[PDB]
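Engineer: Chain residues, written in single-letter form:
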Amino acid sequence: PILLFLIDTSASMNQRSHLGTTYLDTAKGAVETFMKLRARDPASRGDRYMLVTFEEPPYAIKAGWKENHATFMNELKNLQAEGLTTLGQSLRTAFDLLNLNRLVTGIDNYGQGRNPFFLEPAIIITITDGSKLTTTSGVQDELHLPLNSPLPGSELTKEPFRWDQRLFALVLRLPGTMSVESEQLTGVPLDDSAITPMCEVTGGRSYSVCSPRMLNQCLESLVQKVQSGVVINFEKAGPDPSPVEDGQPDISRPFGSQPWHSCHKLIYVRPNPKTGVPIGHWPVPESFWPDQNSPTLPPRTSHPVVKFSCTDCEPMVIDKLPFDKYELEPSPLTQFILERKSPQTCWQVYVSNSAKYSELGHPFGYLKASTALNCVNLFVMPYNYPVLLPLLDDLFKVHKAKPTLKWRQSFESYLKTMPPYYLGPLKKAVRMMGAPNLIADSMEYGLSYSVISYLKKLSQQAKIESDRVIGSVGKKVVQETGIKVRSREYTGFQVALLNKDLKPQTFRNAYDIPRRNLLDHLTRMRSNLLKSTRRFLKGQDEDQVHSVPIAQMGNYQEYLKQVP
Amino acid sequence: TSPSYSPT
Amino acid sequence: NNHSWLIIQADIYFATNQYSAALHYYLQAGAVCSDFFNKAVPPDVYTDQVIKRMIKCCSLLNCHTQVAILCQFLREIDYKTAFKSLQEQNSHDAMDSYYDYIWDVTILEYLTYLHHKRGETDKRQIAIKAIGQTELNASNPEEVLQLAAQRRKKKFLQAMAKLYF
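Protein chains in written order, with the authors' numbering: chain F, 2 to 489, 523 to 598; chain n, 1 to 8; chain H, 831 to 995.
Only chain F is shown next, with the shape it has when bound in the complex:
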């Protein structure tokens, strides 16, 4: 998966703990221990770790997707605290980079459902202290994500993130003195910050830390949290389900929207161990009917908003049907299902406005408790499966893949109710049950040519944007000698600032060598020039730069002694 680290470089992390260490250094150590744990995980070969600061672009991004571990180490360690708490701008730049990468890859099936097997699982960790937001205008009390998007095509989604990106916020609350209280907490309390609502919306648990021990607990919690799945909004459809008759009727039941009625949850999408690619067959229906005459498409949400009808119904199964079974994250919803203890029934799941005439649409899947009652799994079938499956049963049990005209017209009415993009997976499903001529090759309900050309031009502009981001990434800060304007040698004067990367050439240039060392350097150049060996040197102190490698020294040297 993709690992991204948005790390604050505001002067707030120039505060120090009781350890004598700054918050910035604590963040760097936490990231180091994180990637050590991620290398302990064998998925480190698939892991990629990129870095974003809070400073203005083009220097906002530090490590691009083409960069390696050595450059990533160098940048993360050589970060310096000079920025401002511009959390909204930094988060916007990071999620803009993620969306640019996604639309460059083009797996975003806009207007064609949402394929669960197309995933780009990215986890972004934002490290802050939880101080107030800073802006050149002033202070800001709310995390206002900026609405002006120079990136084209961001209007196709209402939210800047997608369902495959999970954001987790670390909040540094280490006290100035040593905490006399010993932390007996076995869990991580939630923070109270403006990043917390956006964290919960995108599907993350923002953590606030106070000691290194529970910091390690938070870090290993995130390490266990590194998985691949889909973030889905779950909403209860229809009335409340029937309470279990084995328990007393609770008078004190709250009459309102439950968290298990409406909780945002992830569903794990386990890739095929044989291939390493996640496998799915049926995308979720869209929240609008796919119109072949519409020149524009409605903007879809970041997360698929589905509605589950709590009516217990029999999960019907027909052999050789390609269905998508995925395992859900534990939740109040899954807890309520496993409290109901009904693995033999299932609750239907729908997508609103999936049909032309039906607001709720037709059922496309169900949630079903596992046989061992340890979890709840989502089973995704073709849309309007209670209509399609009896037709398939009649065709392959009576008609023997030779459809009658009444079956053909019933199936065609089902196709008319069926949303246009599903024909492909339906064609593959029918050809793997064994009737490839049941659906002809002539009809293909494609999208409108205006939307297709708009998407192609959007992809071209995304390629241009990715090229210019690739060019922009890796550029260090530019130190200025600009003209300082002041009133009370004609208005264009600048006093030069001191540069650490000056590297004066005392031997080549005479305007170096200050007065104290003048005679000694003079004798030094004279000794150099009147020695005049094969090699002449322009720098007196060329000791080293950063590291001294034994392997590199032995490689530059030769050893003519095999001694076998």
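No incorrect hints appear here.
List time: in silico DSS-like cross-link candidates among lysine-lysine, alpha-carbon distance up to 27 angstroms: (1) 78/F with 953/H; (2) 321/F with 407/F; (3) 910/H with 959/H; (4) 308/F with 417/F; (5) 886/H with 953/H; (6) 159/F with 357/F; (7) 401/F with 429/F; (8) 133/F with 886/H; (9) 477/F with 959/H; (10) 78/F with 29/F; (11) 953/H with 133/F; (12) 947/H with 476/F; (13) 537/F with 78/F; (14) 983/H with 953/H; (15) 485/F with 947/H; (16) 275/F with 321/F; (17) 534/F with 947/H; (18) 477/F with 953/H; (19) 407/F with 417/F; (20) 910/H with 485/F; (21) 476/F with 67/F; (22) 133/F with 910/H; (23) 947/H with 133/F; (24) 953/H with 29/F; (25) 29/F with 226/F; (26) 947/H with 78/F; (27) 133/F with 882/H; (28) 537/F with 947/H; (29) 537/F with 953/H; (30) 959/H with 29/F; (31) 534/F with 29/F; (32) 357/F with 428/F; (33) 29/F with 947/H; (34) 959/H with 78/F; (35) 369/F with 226/F; (36) 133/F with 959/H.
Because the hints were derived from the structure by calculation, they are not lab data.
Please arrange chains n and H on chain F, whose structure you already have, making use of the hints.
Structural biologist: Same frame as chain F, now just chains n and H:
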């Protein structure tokens, strides 16, 4: 041929 | 020795735009009400309005770090006019000496950013060390924070009382 300080 | 008449005189001078005398009599009012700032000033004398009055007076007197410190003395910090005060380069009141007296992490962060932006490395180093003081960390049990704020209030007020009159 050096007429001033090198960085500036 | 009457804080009310002191406020009356200083407000009259504020009306007549004699800002030096206005600060002089405001400070004399504070020294009347509290035993030369050895205790915390009572807010019924140092109300929000009066503090805003010396905010405007000090801003027109061009002591911008001082008006930032008084912004910190406000009950709710007016970071906008604080940044408006630190924006100008025409100051008069020893920025690198009152970076000791400032005790708010946000204004210190703004100072650090502005010093780096305008290439003022030594003052930026001073601000970073002042932030790195362990006295304030914005995560403390707030008793130490209130005590440190009171101590810096006392020392700063005695500094202005030494400067004026």
